[PDB]
Amino acid sequence: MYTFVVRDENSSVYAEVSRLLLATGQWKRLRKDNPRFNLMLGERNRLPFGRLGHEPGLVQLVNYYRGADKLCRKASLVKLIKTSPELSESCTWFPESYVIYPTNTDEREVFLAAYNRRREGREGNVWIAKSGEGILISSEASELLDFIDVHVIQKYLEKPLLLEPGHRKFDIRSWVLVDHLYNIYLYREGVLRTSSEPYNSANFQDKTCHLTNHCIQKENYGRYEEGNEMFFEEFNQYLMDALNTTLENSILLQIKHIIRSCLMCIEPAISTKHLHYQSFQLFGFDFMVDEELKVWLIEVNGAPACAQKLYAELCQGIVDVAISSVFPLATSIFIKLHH
Amino acid sequence: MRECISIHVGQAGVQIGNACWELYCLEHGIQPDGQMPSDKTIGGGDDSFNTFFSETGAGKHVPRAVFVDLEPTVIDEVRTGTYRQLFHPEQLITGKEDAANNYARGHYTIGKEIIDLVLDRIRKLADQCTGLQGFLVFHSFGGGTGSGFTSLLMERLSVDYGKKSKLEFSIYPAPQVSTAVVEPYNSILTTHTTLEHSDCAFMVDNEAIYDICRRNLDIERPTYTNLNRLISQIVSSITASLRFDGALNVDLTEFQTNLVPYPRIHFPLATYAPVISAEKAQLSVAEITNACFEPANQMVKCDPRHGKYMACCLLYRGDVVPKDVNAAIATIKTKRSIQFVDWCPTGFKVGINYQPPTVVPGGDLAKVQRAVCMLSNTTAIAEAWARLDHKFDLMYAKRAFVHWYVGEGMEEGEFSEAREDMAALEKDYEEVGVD
Amino acid sequence: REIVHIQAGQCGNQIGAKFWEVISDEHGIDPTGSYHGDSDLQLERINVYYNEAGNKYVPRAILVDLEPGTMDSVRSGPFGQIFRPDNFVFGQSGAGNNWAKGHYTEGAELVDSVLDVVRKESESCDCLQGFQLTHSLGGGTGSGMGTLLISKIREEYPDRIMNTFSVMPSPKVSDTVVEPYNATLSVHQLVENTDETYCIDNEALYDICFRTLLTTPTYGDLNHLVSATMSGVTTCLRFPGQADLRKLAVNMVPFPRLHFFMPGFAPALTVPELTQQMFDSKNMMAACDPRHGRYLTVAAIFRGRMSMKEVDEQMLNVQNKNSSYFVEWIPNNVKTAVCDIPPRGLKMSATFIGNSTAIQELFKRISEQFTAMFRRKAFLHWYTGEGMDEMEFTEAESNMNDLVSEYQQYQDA
Amino acid sequence: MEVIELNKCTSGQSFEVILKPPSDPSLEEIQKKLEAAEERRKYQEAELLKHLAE
Ligand SMILES: Nc1nc2c(ncn2[C@@H]2O[C@H](COP(=O)(O)OP(=O)(O)OP(=O)(O)O)[C@@H](O)[C@H]2O)c(=O)[nH]1
Ligand SMILES: Nc1ncnc2c1ncn2[C@@H]1O[C@H](COP(=O)(O)OP(=O)(O)CP(=O)(O)O)[C@@H](O)[C@H]1O
Ligand SMILES: CO[C@H]1C[C@H]2CC[C@@H](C1)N2c1c(-c2c(F)cc(F)cc2F)c(Cl)nc2ncnn12
Ligand SMILES: Nc1nc2c(ncn2[C@@H]2O[C@H](COP(=O)(O)OP(=O)(O)O)[C@@H](O)[C@H]2O)c(=O)[nH]1
Ligand SMILES: [Mg+2]
Ligand SMILES: [Mg+2]
Ligand SMILES: [Mg+2]
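Protein chains in written order, with the numbering used here: chain A, 1 to 339; chain B, 1 to 435; chain C, 1 to 413; chain D, 1 to 54.
Read the hints as simulated data drawn from the structure, not as lab findings. Quick reminder that beta carbons are idealized off the backbone N, C-alpha and C, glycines included. Check before you lean on any hint, since a few could be wrong.
Unchecked claim - Incomplete in silico selection of chain D near chain B, CB under 8 Å:
hint, residue
1, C9
2, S14
3, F15
4, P22
5, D24
6, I30
7, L34
8, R41
9, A46
10, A53
Claimed, not checked - Selected chain A positions facing chain C (in silico; Cβ < 7 Å):
hint, residue
11, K32
12, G57
13, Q60
Using the sequences plus the hints, can you model the full thing?
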């Protein structure tokens with residue numbers, strides 16, 4: 001039988017993973033400080049990877065890839081994409097972004113240079129600053145740079161795809177699981193997190209309409225769809241009925257390509273293929289879709305939460321492919337993205 | 001010719017010492033009788049191998065080495081072994097009861113009584129030296145003698161020979177081949193005391209060697225003999241630049257100069273390829289060089305990809321030409337995750353000896369045309385400190401076994417004092433390799 | 001690395017005699033002291049327990065009792081003639097199952113004669129590592145005089161290791177009414193003056209003989225069981241494995257007072273079977289259930305030709321499947337040694353040595369019998385009649401109760 | 001991609017590759033600490049022997 005620990009209680013996904021392992025009967029939960037485990041559901045910060053893989057006669061597995069933070073912090077991702085030969089700045093699917101430091105390694109000057117080339121040509125100059133709180137959408141760099149009070153200034157997508165009825169923008173979230181063999185698995189069920197407010201290009205002040213976070217939106221809500229969560233069957237039907245196309249063709253192909261590009265770029269840096277311990281990890285990818293049905297990467301979440309409807313299925317998927325493949329027990333829900 | 005004196009302390013140091021000097025004799029064509037047919041200088045000479053061997057009038061070549069253990073079981077084997085006639089009895093020093101895996105007993109209680117005798121024997125060797133470069137110190141981290149007496153000796157050597165350089169070869173404790181529970185204590189205690197006296201320390205983790213022995217030489221339960229035979233190959237590769245004509249690492253001070261930009265961060269990681277079983281029935285320059293960046297070939301299990309380099313040296317033996325090395329480096333520079341500190345250039349110092357690696361007859365390591373040892377100062381080795389410090393913390397929180405140390409005259413304060421220094425060391429590594 | 005062996009009282013001498021019977025066979029020595037072995041591996045550490053005389057090997061053993069009975073019995077059956085005749089030290093009074101007599105009165109007049117024999121054996125030791133005593137805590141001589149010997153040996157050899165094989169009172173089987181007094185007073189001494197104490201219980205020894213293993217067991221059967229264990233725990237000391245009493249104690253004893261060990265033995269059985277047996281409660285010789293506490297440390301010794309890679313698999317398996325029973329805060333607290341020479345009649349064997357907090361059950365059991373009698377001062381006059389003060393009883397009781405709570409502290413940590 | 005300091009000999013050769021540019025206690029103090037520990041031992045043994053004499 002096998003043993004595991006729980007480093008971070010606040011995790012909704014692995015809280016569910018925890019129960020289903022215990023339920024199998026063949027898994028024992030030791031106390032967090034007990035170093036005689038096979039699986040570690042670790043903390044989000046300063047996880048001690050250095051101590052893993054040194055207990056004799058114990059195959060150890062951890063639910064995080066050391067170094068995956070290169071992808072999952074917004075300053076890191078920008079730096080990664082700009083400097084990686086693989087991305088090669090040949091990333092047409094990532095919004096023009098710049099890394100700015102508060103006056104309190106920086107590219108504030110090149111940002112202004114691009115901002116001004118844009119305003120000479122009368123091209124749309126709306127940008128977004130980020131690092132529910134701490135975001136400002138402005139059509140002018142002065143209003144962007146007095147938020148200087150590490151941040152990322154990113155070109156705002158002024159022509160997003162808007163759902164009808166409602167004239168409302170949305171975000172897509174994909175869940176991706178990478179196992180110990182660095183197989184890339186895409187959860188077939190994504191979710192669209194919707195705005196319940198019609199989009200308005202004249203007013204960026206009222207942020208909620210512009211933003212799609214379930215947090216901000218919470219606070220019309222649930223009028224078009226429940227909890228502003230449209231899943232893939234409905235959205236695919238919408239695309240067919242409204243734009244005479246499918247989710248697979250118009251959007252999913254681009255999503256799979258982006259997921260592949262990101263994870264294959266960092267694979268030689270984080271792979272545990274020839275290590276003394278091994279890693280798997282669940283990621284949440286966030287995308288936005290413009291009106292020409294082009295997909296843009298917004299952010300990668302290293303510690304993602306799931307949608308209530310799907311907490312059951314996804315957490316079972318993790319136990320099956322990511323955990324039981326290392327520690328066997330006594331119509332896949334994943335799409336395998338090959339290399 | 002500038003001489004080098006080797007000091008082997010405790011069971012681990014002495015037994016590895018045996019393997020090294022056996023291998024040295026094979027590499028130089030010195031026989032167990034001490035005669036060296038190729039050496040036509042007799043009872044004399046300035047040659048490079050003379051840095052490790054002195055010569056008697058009868059043409060006997062004698063190791064510039066001292067063996068010291070607090071009990072006689074291990075060194076008595078040297079006294080009666082195949083290469084027994086190589087050493088003068090002066091050289092082998094034994095006490096009669098050991099330090100019982102107690103740092104305090106080795107450093108204070110027994111160290112005080114045998115330190116003078118040991119220094120006097122070392123002095124005898126130094127007196128035979130025209131120019132003395134320094135010492136090479138072999139010991140375990142976990143033994144009472146290996147930890148406790150070595151740290152005492154290092155302090156005294158700093159006094160007696162202030163100018164001279166000191167290099168350690170240290171055995172990191174591994175539970176698979178260790179019978180002592182208190183090793184974490186002895187390791188951070190000896191590391192604390194010995195830190196400001198060591199110019200460069202090469203750590204070898206028994207866990208790494210054990211695994212390399214099981215998986216590459218297909219040995220189910222390696223013995224010390226197996227582990228030491230392998231360790232001596234790494235040690236030989238490291239010291240070959242002293243015993244042979246070369247221009248890279250010819251004097252002990254080059255090691256610190258080339259590998260250590262910071263005094264406290266003087267623990268280079270070693271990696272060795274190829275390791276192939278004699279049984280089993282080849283690797284190009286680019287292949288063995290690329291192997292050096294594989295965790296499974298490292299003397300310490302850690303992940304350099306998540307650390308920063310400060311220096312890197314490649315030590316080749318056997319057939320290797322410079323253009324091949326440059327080529328291999330270029331292809332690796334592309335594929336693998338190698339990063340250096342901002343204040344250091346991203347470069348390699350390379351040494352090539354034409355003599356291929358030697359192997360003990362009847363051993364497990366098959367002879368290799370080409371072999372390479374990489375020495376890199378990486379912040380990733382700090383993983384080994386954290387591992388060791390954690391085990392320390394677990395026991396010291398309950399003061400487990402602490403009474404054995406206080407009872408030998410140590411203060412509980414020295415425990416915390418040592419632990420604090422280790423904590424500072426960990427931070428030093430973090431500041432340097434993490435952004 | 002010489003050890004001096006002392007056996008005291010009837011139980012002490014009977015068990016001690018069987019021990020020398022067993023290891024003499026292992027080192028191939030015959031009842032005259034002559035060596036007739038096939039291997040030179042037998043004599044490489046034979047000095048640890050024997051003196052060389054001359055082509056004859058003599059046990060460095062000292063036999064002690066307050067009555068001549070048991071000593072005569074030792075001298076009668078083989079290997080009775082191997083012992084140095086001037087190492088028999090006996091009186092004539094006996095101790096009448098009275099700890100006070102053994103410790104203070106009858107024992108005190110005999111104790112100097114023992115120390116002279118101890119001193120003469122010690123001077124022919126190139127470097128004495130320490131002493132081992134075999135005795136019982138129930139009676140008067142082994143318990144009372146035995147702990148007196150330990151105290152006086154500690155005074156003259158304060159830097160040497162003192163180990164005991166101590167037979168403790170049984171949960172349900174007793175043949176001495178005043179046993180809780182003798183045991184509690186002994187434990188008080190043991191806690192302070194020994195480095196390691198192996199706890200032996202006769203009921204446990206009997207159940208093993210009666211159930212697992214041989215109907216109608218006798219003391220000879222129980223004594224043979226103890227000897228097998230004693231042979232096992234000392235295998236590393238007299239064969240080529242690195243190692244000595246002090247190194248053993250350093251790794252087995254995290255806290256000075258908590259040095260009471262539960263010994264175990266196993267067993268055509270296989271390795272994996274050996275390993276799961278030696279950890280079983282019914283293989284325990286101290287009638288305490290390891291499942292009622294946690295292991296501070298564990299030493300296992302395997303004897304014979306066997307796959308040592310397989311043995312390490314088995315050792316790790318068992319801990320991993322029972323990590324709840326080992327303390328987390330003592331990393332790698334389970335150790336294993338292997339010796340290639342097997343005990344006689346067995347292809348392979350395994351000896352278990354556990355430092356478990358479960359041993360607190362023994363002392364709290366001793367404590368509850370002691371307090372039952374002492375609260376009514378029952379049979380106390382036989383002890384105060386030899387000069388003892390009641391306060392010495394109160395102190396012994398308090399110390400052992402302290403011992404119990406310390407085991408509980410680390411069991412929960 | 002530069003190579004420099006190529007020293008060469010019968011035995012072998014050495015050189016450097018660069019891929020990118022950058023951007024004690026006295027004998028008395030030891031004696032004192034060894035003697036202090038010895039004194040703490042002597043003291044502890046003294047207490048034991050006093051305790052035993054009692
Ligand atoms: N690689 C290797 N490690 C060894 C050898 N001998 C012992 N060790 C390791 O060293 C530690 C024990 O220290 P020893 O060197 O045996 O101790 P010592 O220096 O003799 O110390 P005392 O015996 O306490 O006086 C354990 O971790 C062993 O695994 C050896 O021959 N080779
Ligand atoms: N360039 C851009 N153009 C238009 N909208 C953008 C944008 N960048 C971000 N957004 C909007 O910002 C919202 C939230 O941004 P973001 O996801 O970076 O915040 P966050 O990281 O705190 C939540 P999470 O971590 O779960 O993604 C998204 O719903 C998206 O609609
Ligand atoms: C109450 O009395 C106790 C002391 C004497 C007298 C009876 C018996 C028990 N006992 C024994 C036992 C014996 C036993 F049978 C069962 C047991 F659990 C533990 C033993 F030690 C043996 Cl094994 N050999 C004996 N020889 C002489 N007595 N004697
Ligand atoms: N295991 C064992 N126990 C014994 C033997 N002889 C006596 N005992 C037990 O020892 C206990 C009393 O201790 P004993 O040695 O006889 O008293 P002492 O002579 O004053 O030390 C009683 O329970 C006896 O049954 C024996 O040969 N073997
Ligand atoms: Mg976020
Ligand atoms: Mg030793
Ligand atoms: Mg009797």
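Status of each hint after checking the structure:
no.: 1; hint: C9; result: 5 Å, holds
no.: 2; hint: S14; result: 4 Å, holds
no.: 3; hint: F15; result: 6 Å, holds
no.: 4; hint: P22; result: 5 Å, holds
no.: 5; hint: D24; result: 5 Å, holds
no.: 6; hint: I30; result: 6 Å, holds
no.: 7; hint: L34; result: 5 Å, holds
no.: 8; hint: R41; result: 4 Å, holds
no.: 9; hint: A46; result: 13 Å, violated
no.: 10; hint: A53; result: 20 Å, violated
no.: 11; hint: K32; result: 10 Å, violated
no.: 12; hint: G57; result: 3 Å, holds
no.: 13; hint: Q60; result: 12 Å, violated
Against the hints set out earlier in the document, violations occur for numbers 9, 10, 11 and 13.
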